[PDB]
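Assemble chain A' onto chain A, guided by the hints.
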Amino acid sequence: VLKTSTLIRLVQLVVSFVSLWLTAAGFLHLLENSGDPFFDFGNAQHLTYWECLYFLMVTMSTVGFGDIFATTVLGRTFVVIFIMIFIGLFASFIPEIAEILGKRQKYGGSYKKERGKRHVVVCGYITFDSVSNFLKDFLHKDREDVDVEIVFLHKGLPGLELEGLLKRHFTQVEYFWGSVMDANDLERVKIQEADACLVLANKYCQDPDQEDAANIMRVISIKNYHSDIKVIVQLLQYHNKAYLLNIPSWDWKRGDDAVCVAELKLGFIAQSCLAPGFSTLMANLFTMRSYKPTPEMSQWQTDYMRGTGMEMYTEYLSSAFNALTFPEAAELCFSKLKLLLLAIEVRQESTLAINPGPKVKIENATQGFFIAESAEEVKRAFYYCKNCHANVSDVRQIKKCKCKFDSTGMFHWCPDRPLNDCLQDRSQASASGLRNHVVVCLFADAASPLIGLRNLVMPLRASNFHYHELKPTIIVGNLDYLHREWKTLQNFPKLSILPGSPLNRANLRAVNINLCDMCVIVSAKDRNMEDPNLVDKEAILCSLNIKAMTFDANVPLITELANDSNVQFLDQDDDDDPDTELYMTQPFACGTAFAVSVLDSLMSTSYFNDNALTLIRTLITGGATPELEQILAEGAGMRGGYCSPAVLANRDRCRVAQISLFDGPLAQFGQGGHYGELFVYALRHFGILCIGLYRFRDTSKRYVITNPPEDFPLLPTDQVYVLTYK
Amino acid sequence: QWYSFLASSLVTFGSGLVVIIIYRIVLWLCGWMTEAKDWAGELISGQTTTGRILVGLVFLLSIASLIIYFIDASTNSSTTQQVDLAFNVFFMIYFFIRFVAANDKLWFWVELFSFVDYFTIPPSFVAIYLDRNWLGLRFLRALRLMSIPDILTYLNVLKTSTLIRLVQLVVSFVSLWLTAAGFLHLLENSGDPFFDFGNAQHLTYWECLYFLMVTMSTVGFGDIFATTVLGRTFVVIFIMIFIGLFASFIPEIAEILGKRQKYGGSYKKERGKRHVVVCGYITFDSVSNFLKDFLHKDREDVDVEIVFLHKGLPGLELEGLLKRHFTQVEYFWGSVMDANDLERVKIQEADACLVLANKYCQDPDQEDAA
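Respectively, the protein sequence lines represent chains A and A'. A prime marks a further copy of an entry chain.
Heads up: the first sequence is residues 215 to 562, 567 to 621, 707 to 855, 884 to 1030, 1039 to 1065, going by the entry's author numbering.
Heads up: the second sequence is residues 15 to 44, 79 to 124, 135 to 428, going by the entry's author numbering.
In short, the hints are calculated from the structure, not lab data.
By construction, the Cβ of each residue, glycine as well, lies at the ideal position given by its N, Cα and C atoms.
Mixed in with the good hints, there may be bad ones.
To be clear about the criterion: a stretch of chain A counts as covered by chain A' if any three or more of its residues have a C-beta under 8 Å from a C-beta of chain A', and this derived list gives those stretches [what the hints assert, rightly or not]:
1. 268-275
2. 744-757
3. 838-851
4. 926-939
Examples of chain A' residues lying across from chain A (beta carbon under 10 Å, computed) [said to hold, decoys possible]:
5. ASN161
6. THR211
7. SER219
8. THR273
9. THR276
10. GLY280
11. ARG290
12. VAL293
13. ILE297
14. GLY316
15. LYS317
16. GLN319
17. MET395
18. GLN424
19. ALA427
With the rest of the complex left out, here is chain A:
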């Protein structure tokens, strides 16, 4: 019955206490009632056995009533002896009793599931910093949906900061002590009955490949216990995605996903090089943001907040859109229904397609891809008819039912060059007349972990762009680092690795940041180890260094920041409180900053909307097909081949780009037009789709507006985010 060492030691001490307590009473019962041989049995007080324990237990407890007492001399001696014994005896065992009762698992037990209540499990790297970001975007106040109860399952005991944060969100969150490997730890949480499971990974690590193997191993055990379960994973390197495909029960068709850090982190940064501030547009689009226009705010801050509230929503279309083109479809959506369209799920093995040409038509029951204020407004797409809902002024009334290249042919390719071809000195960099190009300030040691710079360069070298249009990249960092990463980067056109640190102004002035499209800053050192606030000191100094540097200030910049509160230190004109939240701050609206913590918030979005993570990758990477994942898994690398005319037809796809209204045919609207007139004129004649604006701050920072209303003015010096098809 007894088994563990704690229970046996406890039960042993229970008996000794009672036996000694009972036997000592009988000892007094003899002495008190008898009397003594010294006085010759003169005194002899009568006490029962039951009313002698009362005397002992009180003296045992060090209370001392003085209600019952020993008048006999033989009794008092035994009492002093018993007090002398018990203090020495009992106090020696309290340390060993304290180790039994003290040393115990604080949390444990099992999950209690209510009838008709969904719940999700969380695994892996569970710490204050990771969880705090996650819980905000999962349990955001502005969200009309059932409170699906989160269930953390970490091995170790949580910290003092986190313990309060778990107890603060009391009703919605539960914690347990246990790993994801033991079948006993899974059966307690009821994962077969549960909806979904997540695997948050340590982003900042020494050995990233060993960290992913653990997170892959965790998925194996989960998928071993129950095959038909939804699982989502954080990896660090892109190449590790192949090891999930090796698991047989893994099915991306049936809800399983994989969120790469490196793919998305550099991917957002890459798209900013092509069209600045797109990183913020996307970050604000997919994540959850609170709309709250207060009277203290200025005009530019208020309109920015309106954009952040607009989010991704999908739903089926009505019968009215059948046998129409995508441009003809979107006109009815924007004019009458007052909504935007990005894509349609085209049947075939179905696939997604962002803003297709007029050749492709719409079939019955096709899933639309919308951006709007809320999900309630998107219902108007479903409830619609040409005959019935024709001339309606107020749109709220409508709610009636009864009416050279890769093997794939997606990126540009080059032969297996050695590093000494693309290497340069300061003189060779300056001698080369570089203008309109990308710069990458890379901070790293020789013995530092790999970021995976391939995912920055890859989307810059899409087959969408012609050979002359490609922006050449100029990486600045340590050699011993880049020697490792060269095996990935070697097969890309127009690279130029310069050695030395990016704080030497001679290195920068040779490269020409003066004439540049976008200067990226990335760290690769062991961060979040020693200090919390002095993490991005090298990134902050570098941005300041370039702004201060002048030549015969107005420079495009973007910085990778681990900690969010470090955004404070960047700009000069900080008209903001320290208590203000990240997204409302100046530089995050301008796109000069970018947080890594945005990737944790994407874990939530992938759970709720199934066709979200797909949409993101198609916008970011250019054309990352699943064919490449299998080909890159082989180890041969990017295979060449000049391809057939059938494969080269795949390059004709959409790309993100930015258009200004200073010159061109659209400049007529810039004097004093509206956004609605720009939208329709763009879509019909040219075949162009506009997403949002990118204005000057006042009348060279530039804030962002994602999908404004129809009746919205347009200045001459404005810029617009656009999805071209050429």
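Chain A' alone, transformed into the frame defined by chain A:
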């Protein structure tokens, strides 16, 4: 008195479980249904405003019964009898809504708050029925004070883990102390069935806590004592319970009160008094040299008050040196990065700021960047 009222309380518990056991055996061997069931759960939830207000009434109205007990016990069908019964009807209908809402039946009928309802309510009905008052077990309504941490954590007065754990243990102490007194108040005044109610010492509720708190504290006066055999057994039980119960929580109480920021708060600036801030590498060796040349005796100038602001807690050597120069120096726990740590020192109002660096270091370039 002891049997007549206590018999009627046992009838509700006795005959009540017979309904469920026969009902369960039918399931074993072999809208009105679930419309009220979903509504009962939605009504009494906690997340809903109706759930918070309904539980908020239970918190207030339970105390009203306990307030009557203090007056009724001390003075030893009136107007107070009628007011007490009005609350007990609300607890009976509240008992029905939980019974329907909860999935458990046999598990539900054996609970802490369920046991309160069986002994408190039926004698209050019987008191007005018979038209003869009894003290009974109205003190048990003190157990419903234990929902104070639940109200405050939802209201968000309490926030940190230290304050919530401390406030939780405050209520349990007082409730157990009050309820135990009423237990003795019953046993001491009644007597016993073994001697056949021969001995029966009379003690008030107010002058029974004095007996418990002394024995609780391990003082042992022997001014008031239990002559009854039933009382003494409860006393030994209570001493056996309290030593085991209280000593287990002292470790967890010690971690709450022990683990706290020693220094903190904010700087108090006198009118027309300059002060300077010091940052960075603050250690005995660096500071001792600095303070001598700042606060040198041969110096005719105003004693500008130095203000150290280091993150970590200072050492045993330095703590004395800061306390030695008491009037001229102040210390605080905090970094120079947080805006909350700057605003407390009043750096806008302050004169100057300094940054002492670690001279002897492995990586000097990273030290300067900081």
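Hints the structure fails to honour: 2, 4, 14, 16
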